[PDB]
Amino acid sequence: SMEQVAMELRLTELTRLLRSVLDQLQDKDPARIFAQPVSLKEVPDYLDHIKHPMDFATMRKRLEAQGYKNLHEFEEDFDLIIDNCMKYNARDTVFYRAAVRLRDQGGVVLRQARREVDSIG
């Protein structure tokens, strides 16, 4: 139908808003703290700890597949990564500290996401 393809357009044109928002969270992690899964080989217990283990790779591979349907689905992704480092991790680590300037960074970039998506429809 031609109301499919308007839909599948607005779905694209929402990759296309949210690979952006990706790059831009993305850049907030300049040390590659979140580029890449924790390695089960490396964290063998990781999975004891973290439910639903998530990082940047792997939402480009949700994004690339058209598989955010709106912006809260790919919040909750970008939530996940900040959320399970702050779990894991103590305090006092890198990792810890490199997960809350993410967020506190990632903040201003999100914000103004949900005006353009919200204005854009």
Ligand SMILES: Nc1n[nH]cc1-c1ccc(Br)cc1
Given for the second form:
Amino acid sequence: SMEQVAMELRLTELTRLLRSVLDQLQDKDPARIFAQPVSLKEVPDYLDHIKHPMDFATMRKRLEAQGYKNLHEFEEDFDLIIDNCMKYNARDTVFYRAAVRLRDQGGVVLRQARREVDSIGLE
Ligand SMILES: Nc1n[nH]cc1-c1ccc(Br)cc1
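One more: the block was the form deposited without this ligand; return the form solved in complex with this ligand.
Shown next: the complete complex, the earlier chain at its head.
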């Protein structure tokens, strides 16, 4: 149907916007602490602590499959990256501190992303 095509165009547009947002957010992680999944070989007990692991590579996989239907779903995954890290790692660690900085700097980006999604009507 034409309606289905239009819906798919909207999703493709959202995906383009979220790709830009994801690039901007990952730039706020210059240490690449959040670039890849926590290794279950190097941290074998990780899943005892963290029930829903997340990282930028995994987000990017879902993104390119057009797997984010709206900004909320994307933000959920970004918050998992931050929140998982701030639970597993103590306050005095380079990991926890990196998550705080990513959260703070990323908030700015996500604030305008929300305005843009609403403005252009992408969801
Ligand atoms: N990036 C993370 N999110 N949750 C835990 C971690 C982590 C834990 C140990 C090391 Br070593 C590195 C990273």
